[PDB]
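Number of protein chains: 2
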Amino acid sequence: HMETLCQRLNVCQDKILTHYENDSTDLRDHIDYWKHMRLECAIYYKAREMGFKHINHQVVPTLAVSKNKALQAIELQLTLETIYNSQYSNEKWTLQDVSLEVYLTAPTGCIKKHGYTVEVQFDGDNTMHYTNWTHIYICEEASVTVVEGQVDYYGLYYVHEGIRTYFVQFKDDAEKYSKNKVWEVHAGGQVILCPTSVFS
Amino acid sequence: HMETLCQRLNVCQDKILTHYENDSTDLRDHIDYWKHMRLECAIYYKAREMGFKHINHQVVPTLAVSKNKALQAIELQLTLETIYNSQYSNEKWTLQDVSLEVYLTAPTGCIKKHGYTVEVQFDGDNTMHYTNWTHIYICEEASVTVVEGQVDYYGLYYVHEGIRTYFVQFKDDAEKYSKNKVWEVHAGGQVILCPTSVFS
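Each protein sequence line maps, in turn, to chains A and B. In this text, residue positions in the first sequence follow my numbering: the first is 1, and each later residue adds one. In this text, residue positions in the second sequence follow my numbering: the first is 1, and each later residue adds one.
Because the hints were derived from the structure by calculation, they are not lab data. We put the beta carbon where it would ideally sit given N, CA and C, even for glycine.
Listed next, the stretches of chain B that the computed footprint assigns to chain A, with coverage defined by at least 3 CB atoms under 8 Å from CB atoms of chain A: (1) 40-53; (2) 69-79; (3) 82-91; (4) 132-143.
As a list, the in silico BS3-like pairs of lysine-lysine whose alpha-carbon atoms are at most 30 Å apart: (5) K69(A) <-> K15(A); (6) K67(A) <-> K69(B); (7) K67(A) <-> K67(B); (8) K92(B) <-> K15(A); (9) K67(B) <-> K69(A); (10) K15(A) <-> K113(A); (11) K15(B) <-> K92(A); (12) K92(A) <-> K67(B); (13) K113(A) <-> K92(A); (14) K69(B) <-> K113(B); (15) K53(A) <-> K15(A); (16) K171(B) <-> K113(B); (17) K67(A) <-> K92(B); (18) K69(A) <-> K69(B); (19) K171(B) <-> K181(B); (20) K171(A) <-> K181(A); (21) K113(B) <-> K67(A); (22) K113(B) <-> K15(B); (23) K67(B) <-> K113(A); (24) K67(B) <-> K53(B); (25) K69(A) <-> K53(A); (26) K171(A) <-> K113(A); (27) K15(B) <-> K69(B).
So the derived list for chain A, only partly shown, Cβ under 7 Å to chain B, looks like this: (28) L39; (29) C41; (30) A42; (31) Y45; (32) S66; (33) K67; (34) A70; (35) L71; (36) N85; (37) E141; (38) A142; (39) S143.
Taking the hints into account, I'd like the entire structure generated from these sequences.
See the structure below:
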């Protein structure tokens with residue numbers, strides 16, 4: 001075991017680093033990376049179950065940490081596999097496109113690409129920065145549809161199957177930071193001003 | 001599309017039939033089968049989305065049917081992949097071992113093998129038949145442990161991580177069929193009789 005776990009982790013961790021070095025744009029390679037990310041969790045989970053506090057002088061996480069990371073790896077592996085079976089399969093996909101960091105940025109649980117900043121001024125440049133995305137992949141059990149990140153006076157949203165879904169509502173930050181609920185949105189084009197009447 | 005979906009389904013369905021013909025005992029092949037089962041759902045889902053009521057004169061299911069089947073294929077694909085990364089990977093695994101029929105038999109959500117009948121007589125041979133399993137694979141996010149199906153006066157159970165879990169409780173059938181709550185369990189060895197006092 002000791003040896004067996006060490007050798008398995010070493011092989012697993014070498015594959016992960018090789019993916020990092022190569023920086024491929026082929027979706028197939030990203031699938032294999034996330035499968036290795038998932039396998040690493042199974043190795044640490046077993047090491048922890050066996051009572052090891054380190055493997056090769058590297059900390060072995062608690063079981064709950066390894067379970068949670070394997071769930072994250074699974075979500076990414078599955079998503080990429082659904083994309084692999086769709087019409088979007090042959091696009092360019094970068095490692096950062098398929099990273100957990102992107103995946104969890106609003107809108108959470110979605111691979112996304114071609115991100116850019118939208119800035120909201122809550123009175124004169126409290127000024128917040130938010131990421132919008134031209135390509136948002138909505139993956140379900142047997143399908144995927146790419147939608148575009150759109151920008152409102154009210155926030156950032158997409159429209160999927162007819163349904164407009166806001167993933168950022170600018171009023172949330174305004175009520176947390178500012179005194180007035182009136183702002184100006186800059187997103188790479190005409191500033192967006194409040195479209196309704198403003199009062200006393 | 002029409003052509004594209006037809007050709008994809010034809011290729012997908014030929015692979016599924018080839019797995020059926022070959023009858024392998026290698027876990028790797030069962031992984032590939034369930035990936036094709038999942039892909040078939042994505043093809044039918046797209047066909048239905050596109051308004052086709054049949055593809056090649058075969059009925060296209062409603063979307064909800066294809067979504068539900070892809071979830072089932074995913075659960076089996078993931079399970080087999082967790083087994084592939086464990087110490088049980090090189091055992092024999094049959095197509096029936098990895099079938100949805102087995103997977104959903106109590107205890108549900110578990111690949112299992114080496115099943116046999118236990119018979120319970122609710123007074124003199126209402127006589128019920130239940131399947132018990134010598135090998136039950138409890139798969140979680142980053143691990144799998146094989147447990148054995150065990151037999152009680154009370155039912156069928158396994159013990160996982162110290163916790164005894166009944167997957168069949170014989171009192172459920174007795175209260176649904178019989179007048180007295182006293183039975184005799186036959187499971188391939190000594191009959192099991194009621195172990196407590198019986199009353200007026």
